[PDB]
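On the provided structure of chain R, position chain U as indicated by the hints.
The primary structure of each chain is shown beneath.
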Amino acid sequence: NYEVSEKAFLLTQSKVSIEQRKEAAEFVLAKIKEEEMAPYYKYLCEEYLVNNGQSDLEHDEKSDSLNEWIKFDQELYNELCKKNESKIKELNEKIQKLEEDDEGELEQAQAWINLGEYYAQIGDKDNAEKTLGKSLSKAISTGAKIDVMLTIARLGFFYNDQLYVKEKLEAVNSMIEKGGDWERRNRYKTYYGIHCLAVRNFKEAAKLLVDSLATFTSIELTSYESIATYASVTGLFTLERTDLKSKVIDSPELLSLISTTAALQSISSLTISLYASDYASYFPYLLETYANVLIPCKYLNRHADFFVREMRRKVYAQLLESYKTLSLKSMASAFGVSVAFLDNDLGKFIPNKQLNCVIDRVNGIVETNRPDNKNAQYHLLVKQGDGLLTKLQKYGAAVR
Amino acid sequence: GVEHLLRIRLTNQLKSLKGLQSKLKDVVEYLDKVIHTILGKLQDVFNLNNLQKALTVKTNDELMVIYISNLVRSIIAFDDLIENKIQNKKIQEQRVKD
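Protein sequences appear in the order of chains R and U. The deposited numbering applies: residue 23 is where the first sequence begins, and numbers increase by one. Throughout the second sequence, residue numbering follows the deposited numbering, covering 170 to 176, 188 to 215, 223 to 235, 259 to 308 in sequence.
Keep in mind that a hint or two might mislead.
To be verified - Label pairs and their calculated CB-CB ranges:
1) U:293 with R:378: 35 to 43 Å
2) U:274 with R:281: 50 to 58 Å
3) R:400 with U:264: 38 to 46 Å
4) R:419 with U:284: 35 to 43 Å
5) U:191 with R:398: 38 to 46 Å
6) U:292 with R:385: 49 to 57 Å
7) U:264 with R:398: 44 to 52 Å
8) U:284 with R:391: 25 to 33 Å
9) U:292 with R:225: 27 to 35 Å
10) R:273 with U:261: 30 to 38 Å
11) U:172 with R:378: 58 to 66 Å
12) R:419 with U:172: 45 to 53 Å
13) R:365 with U:284: 52 to 60 Å
Unchecked claim - Result set (DMTMM-like, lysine to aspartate or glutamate): computed pairs, CA atoms no more than 25 Å apart in a straight line:
14) U:295 with R:242
15) R:37 with R:327
16) R:105 with R:151
17) R:188 with R:125
18) R:413 with U:272
19) R:416 with U:290
20) R:396 with U:272
21) R:55 with R:45
What the hints assert, rightly or not - Among the chain R residues that face chain U by a calculated CB cut under 10 Å, a handful are:
22) 359
23) 361
24) 399
25) 410
26) 411
27) 417
28) 418
29) 420
30) 421
31) 422
If you're looking for bench data, these hints aren't it; they were derived computationally from the structure. Idealized CB from N, CA, C, for every residue including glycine.
With the rest of the complex left out, here is chain R:
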């Protein structure tokens, strides 16, 4: 189900090539024949508008699109009824006979789950959760628990809903805690780091992603190259260079992951340039990471500017720690940028107290302000010490 949501997401924003939309349309047309995408197929016009979202022959009549395959017709209307009779009408009649004959226990619960998964592809979520809720009481061990969690896990990836999914996934996992192997636990662990990108948790996302394996592929839930970009980009932003040398840049799987596909451009272009402290070619890597990684990915396109703006602030901190002073002529020219471009980035960073530095105008020397023995007891002990005392006085001043 994720293969369609990944390819059709390129239909939303394409600023360069038109063929990217037609190439991604070939994967959509192939999957809609085997499985009915009608809930997401109708969600195409309800997601992003004023591109392809105005083209429909049924609910709303307008023609504006670069893709004519997303509009209903007489063929898809007949196929919608054929898939609805086989996956629901034909299967429910056989399950109804098993209910009266009393055949098995978990077999009827698993049959309701497989039947409930078909309502998700027809576009009716009321009967999908109704048949799933009846089979939830029959779940005891991890045999029927994986299938119940699998249906709710689809709600997050297929319907792109971060609200009612995680609340249900946590309730099912916390009811009976076993986990089976480590891969069945990834469904809760991988979606955890993915949900952190919606509410912008930053370093919290990479907690379970860095320790996760790079060979994990959920197919219909997620692809191989999609999860590879989530752990590479978020893991690089979380762990500092101290932890990058013993984990990211040197790993048995990660070194094998970068050679599989060239669509990462994170653990190779960004990591080596950061480890070698080469700022000449490091700047164009951020543009390739933004265009060819962040934009095509689903959850990596939500932040947008929040990647390059924050990553550029931290890469300067690695340079400020290795020198007391610097050269403004070398930073604003030799690294591939201009003078006005450097003052715009550092202009917003200084008043936010995100770093300690000394910028020179006439002399043109970038000097680092080093606390020496001050460290974390200088401005943090007074701010965090007295700041928490303000929260302590909240309930003590007003009582109840």
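The following block gives chain U in isolation, referenced to the frame of chain R:
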């Protein structure tokens, strides 16, 4: 056995001040008694922000670190005051219903 039969800062400053008063009388009386060997021993102790000016800068930095520990321990004692205030209400709530 002594403790069974019997069942600070101000005193330290009083005897320390009297040490200079008693020493001053010993020098004046010895001055008129002669008219240097005895006064030489007292001069050895008397001579050995005058000499601490070099360590005065490092002393204030250590006094602040001491206050850091005292500030944290003071907050711990302040949390028990709010905890006991809420606990005192639980006793009052039982007196109203009963």
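Now the hints, each set against the structure:
no.	hint	verdict
1	U:293 with R:378: 35 to 43 Å	holds (39 Å)
2	U:274 with R:281: 50 to 58 Å	holds (55 Å)
3	R:400 with U:264: 38 to 46 Å	violated (24 Å)
4	R:419 with U:284: 35 to 43 Å	violated (18 Å)
5	U:191 with R:398: 38 to 46 Å	holds (42 Å)
6	U:292 with R:385: 49 to 57 Å	holds (54 Å)
7	U:264 with R:398: 44 to 52 Å	violated (29 Å)
8	U:284 with R:391: 25 to 33 Å	holds (31 Å)
9	U:292 with R:225: 27 to 35 Å	holds (33 Å)
10	R:273 with U:261: 30 to 38 Å	violated (60 Å)
11	U:172 with R:378: 58 to 66 Å	holds (59 Å)
12	R:419 with U:172: 45 to 53 Å	holds (48 Å)
13	R:365 with U:284: 52 to 60 Å	violated (45 Å)
14	U:295 with R:242	violated (57 Å)
15	R:37 with R:327	holds (16 Å)
16	R:105 with R:151	holds (19 Å)
17	R:188 with R:125	violated (34 Å)
18	R:413 with U:272	violated (29 Å)
19	R:416 with U:290	holds (16 Å)
20	R:396 with U:272	holds (13 Å)
21	R:55 with R:45	holds (17 Å)
22	359	violated (42 Å)
23	361	violated (41 Å)
24	399	holds (7 Å)
25	410	holds (8 Å)
26	411	holds (7 Å)
27	417	holds (8 Å)
28	418	holds (5 Å)
29	420	violated (12 Å)
30	421	holds (8 Å)
31	422	holds (9 Å)
Figure legend: structure checked against the earlier numbered hints; hints not met, in rising order: 3, 4, 7, 10, 13, 14, 17, 18, 22, 23 and 29.
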